[PDB]
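Visitor: We have chain A already, so just place chain B with the ligands on it with the hints.
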Amino acid sequence: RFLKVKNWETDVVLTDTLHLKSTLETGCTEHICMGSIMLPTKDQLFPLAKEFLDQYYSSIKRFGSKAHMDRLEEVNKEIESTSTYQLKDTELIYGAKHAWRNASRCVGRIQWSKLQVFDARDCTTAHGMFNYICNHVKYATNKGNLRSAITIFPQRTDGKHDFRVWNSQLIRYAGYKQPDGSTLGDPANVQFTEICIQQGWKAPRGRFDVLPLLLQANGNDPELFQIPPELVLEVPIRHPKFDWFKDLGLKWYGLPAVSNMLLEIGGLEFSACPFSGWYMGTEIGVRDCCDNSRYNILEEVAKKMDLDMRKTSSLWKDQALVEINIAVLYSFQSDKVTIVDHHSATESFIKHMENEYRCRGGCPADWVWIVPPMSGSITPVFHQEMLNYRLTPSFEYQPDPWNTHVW
Amino acid sequence: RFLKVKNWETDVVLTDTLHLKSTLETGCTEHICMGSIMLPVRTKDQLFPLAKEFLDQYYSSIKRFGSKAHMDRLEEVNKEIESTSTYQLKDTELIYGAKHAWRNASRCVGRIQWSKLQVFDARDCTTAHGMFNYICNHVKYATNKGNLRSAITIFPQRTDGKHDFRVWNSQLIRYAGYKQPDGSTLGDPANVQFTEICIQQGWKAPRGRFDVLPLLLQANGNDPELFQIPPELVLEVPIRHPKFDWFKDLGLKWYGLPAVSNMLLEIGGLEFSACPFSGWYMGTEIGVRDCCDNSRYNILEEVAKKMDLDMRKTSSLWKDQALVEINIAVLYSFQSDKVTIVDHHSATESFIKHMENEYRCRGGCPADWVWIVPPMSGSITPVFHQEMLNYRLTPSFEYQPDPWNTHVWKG
Ligand code: HEM
Ligand code: HEM
Ligand SMILES: Cc1cc(N)nc(COc2cccc(OCCCN)c2)c1
Ligand SMILES: Cc1cc(N)nc(COc2cccc(OCCCN)c2)c1
Ligand SMILES: C[C@H](O)[C@H](O)[C@H]1CNc2nc(N)[nH]c(=O)c2N1
Ligand SMILES: C[C@H](O)[C@H](O)[C@H]1CNc2nc(N)[nH]c(=O)c2N1
Ligand SMILES: [Zn+2]
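Taken in order, these protein sequences are the chains called A and B. Numbers 299 to 338, 350 to 716, taken from the entry's author numbering, label the letters of the first sequence in order. Numbers 299 to 338, 348 to 718, taken from the entry's author numbering, label the letters of the second sequence in order.
The hints are simulated quantities; they were obtained by calculation from the structure and are not laboratory data. There may be inaccurate statements among the hints.
Stated by the list, open to error - No more than 16 Å apart at the CA atoms, straight line, and that leaves these computed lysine to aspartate or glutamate pairs for EDC-like:
{"id": "1", "chain 1": "A", "residue 1": "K550", "chain 2": "B", "residue 2": "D617"}
{"id": "2", "chain 1": "B", "residue 1": "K620", "chain 2": "A", "residue 2": "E656"}
{"id": "3", "chain 1": "B", "residue 1": "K397", "chain 2": "B", "residue 2": "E382"}
{"id": "4", "chain 1": "A", "residue 1": "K319", "chain 2": "B", "residue 2": "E328"}
{"id": "5", "chain 1": "B", "residue 1": "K550", "chain 2": "A", "residue 2": "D615"}
{"id": "6", "chain 1": "B", "residue 1": "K397", "chain 2": "B", "residue 2": "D379"}
{"id": "7", "chain 1": "B", "residue 1": "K319", "chain 2": "A", "residue 2": "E328"}
{"id": "8", "chain 1": "A", "residue 1": "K511", "chain 2": "A", "residue 2": "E532"}
{"id": "9", "chain 1": "B", "residue 1": "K550", "chain 2": "A", "residue 2": "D617"}
{"id": "10", "chain 1": "A", "residue 1": "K550", "chain 2": "B", "residue 2": "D615"}
Bound-form chain A, shown alone:
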């Protein structure tokens, strides 16, 4: 019932009790582990509310108090009458920060308690959504000194009036099929780009076209808005020793902002909850730049470096990968845009894990996602056993809207 995790580099053993509070399921059974799979009424709602409020009143050291009982009563009354309830500001803020705290795939959680929460529950139209989002972008960007933020649109009602941001991240590059057979821009975004074109977007058809936002209010048809170009901070990618690197013409955006997830707090579902922090370098340099299905630049870099590309065993891919990653970090640092390297981020996460075990009795973590996509075992997280389980409040995946929406 009480589970141990061991770090194999330091011999440190921690005991997890927090997992006994887990509510959602993992995908795994006693016969099969699905650890590497990417995507595995009134009656239900009051239990979920009580569970949340119980944890909230516990957190402010007021469990079993008058105010605790009074709120449980109030929310009970409200669900009985209206079939839903509204969070107090304090509850919403606590809930958002805890969804981040519980995000088992996030290495950056040492930061969880410093999250600026923008309450957009008063929003009613797509134009309002656009206004809130520009404000979030500008606040979070802060001229390169990035601050973590989330903007929370109105909660699901009957599911026919959902707020959604159709974009997967607030800031991303277009992707286009070429008559050439190849792909121009970001190949991950071809489908969404086509939907944008279909909804009317005049596509520039370049390599780094920032996508417009496709916003849906109150379950209405989504509408198009261009983020003011002056609010989208981008960084030209250059290398501190290779003068030719800049001639590749690469750049990336400074603000990582996930917009397609669902925030569940005390049974309530917030289907539009864009959130942002700052990048870990490998996200851009390993994944964005080097994935086969992404910008896929390894061959070009290796050629300019004049590496022996004859045989895999010269490790030319590995050498080119490291240099691309050096260039990403150097370019962000030179332009003074917050970025963390994988060594510093994983060291921080180990400290955070130790804090959470000491202070909460555990930390759900998904090793498959926490370990960086390069140089795994020279980071301390590689040697750290982790237990993965689902706690609420939480961020969840949800179906892409174009499959769900009735026009």
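Guide: Below, chain B with the ligands alone, put in the same frame as chain A:
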């Protein structure tokens, strides 16, 4: 039931049905995933079902399921169990069993090779001296002057758990580690505890940085005995770099033969507690883990120093740069000495082709992502983007307690 896995780079989707034959537990439940946890005397009552499951698999593999030969063998084994409480495998069954334990090893990236395994049947062995001779022969055969051949040697099975055959070494070839009074370590820090046992048992330690450890061998539940492997049988590779001439002066070398000796082979309910097996290295096992783990030879600093990298901040990626150079050196050295080695790109590419073949012909391939993905350059190998299913099939290799923790000393 059907389970689908997706490759996120190629969009290829595979369907697993083989998981339906899984038996042993994973450690996970619907409430917790234990996928990154490293370590998650029978009754005749349990034994016959296990024997029968095995013999049914074996007889199906030779296209004789339900034949007279299959039935007679079931009968013969059943009678042996009720009369002697155990049974003996035929040579053919032992070979099939050992190959399949490798085929079923979900943490092994090298499984494309599973059908090419030389099986040495050491079930007639009775003494520690006998064990030493068997292991020397295995080492010489497998080494084959650098043209490495996979092999396993199988000592007598467990009887009552009081007469176990065991190789106390975790691997047949490993370097000693010595803790100094000032707290520093000479040699391999992973092997300090075991080195101390060897010394205690009477080994004369040369006390250098690369001393090949003696074998400590237990036959039939007796106290283990020390033996030195003839040095001429121990193939080693000096590590040098193709461009950096100062690399050789680090004084590094590694042995060519990776040979695991501390695992337990289960076939048809029988337990082979001494079953050393060997293949050839993937470069990262030496260049990433052995050379660069903080708790191993830990050479990253010295290498980056000699490369004159900016070491004042981690964000220069000096560790990553030195890491690649060290791995280049290991592959270069082995290749130059004509000692079999595979790089992590080649190995993972071959693993994906193997995995796809297994899905098509066998209905699945249990694989542990956490172990399959190499410890450097993860996402530029094809396994990183491959969804995998992890489950336990028998025959299998299993961990077992270290024998120094369980052995009853005779004196
Ligand atoms: C402050 C700096 C932050 C860093 C350095 C960071 C780091 C990361 C990284 C590297 C990942 C894996 C991303 C990938 O490989 O695609 C991740 C996942 C995630 N992070 Fe963060 N994070 C940060 C802030 C945040 C914030 C502010 C939130 C929410 C309030 C958050 C919630 C998540 C979630 C839910 C995931 C998993 C999402 C998914 O499954 O796709 N993180 N984080
Ligand atoms: C032929 C060349 C082979 C290569 C390149 C290879 C590759 C690997 C690698 C890289 C690992 C992970 C090692 C680690 O991180 O400690 C591994 C694990 C393993 N392989 Fe192999 N393998 C080979 C042959 C074999 C053979 C011959 C067997 C047994 C017959 C085998 C069974 C295993 C098992 C059971 C594990 C899990 C080990 C453990 O849990 O400690 N492999 N393989
Ligand atoms: C807030 C934040 C900061 C940061 N440095 N990185 C991230 C990236 O997190 C995500 C969020 C959503 C999706 C994602 O990619 C993989 C999921 C594809 N199905 C990755 C998010
Ligand atoms: C046969 C074989 C070939 C090859 N290339 N690599 C292996 C390594 O497998 C092992 C065996 C024993 C232990 C291990 O990892 C844990 C380290 C504890 N000594 C990993 C085995
Ligand atoms: C199949 C596998 O689950 C998939 O490639 C995962 C592996 N680990 C990851 N880790 C992070 N941080 N981000 C990812 O997108 C992935 N992809
Ligand atoms: C804690 C974690 O399970 C542990 O460090 C694992 C991770 N992946 C590994 N992968 C391989 N091949 N070998 C290992 O020893 C490990 N160690
Ligand atoms: Zn699992």
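Visitor: Which hints from the list above does the structure break, by number from lowest to highest?
Guide: No numbers; nothing is violated.
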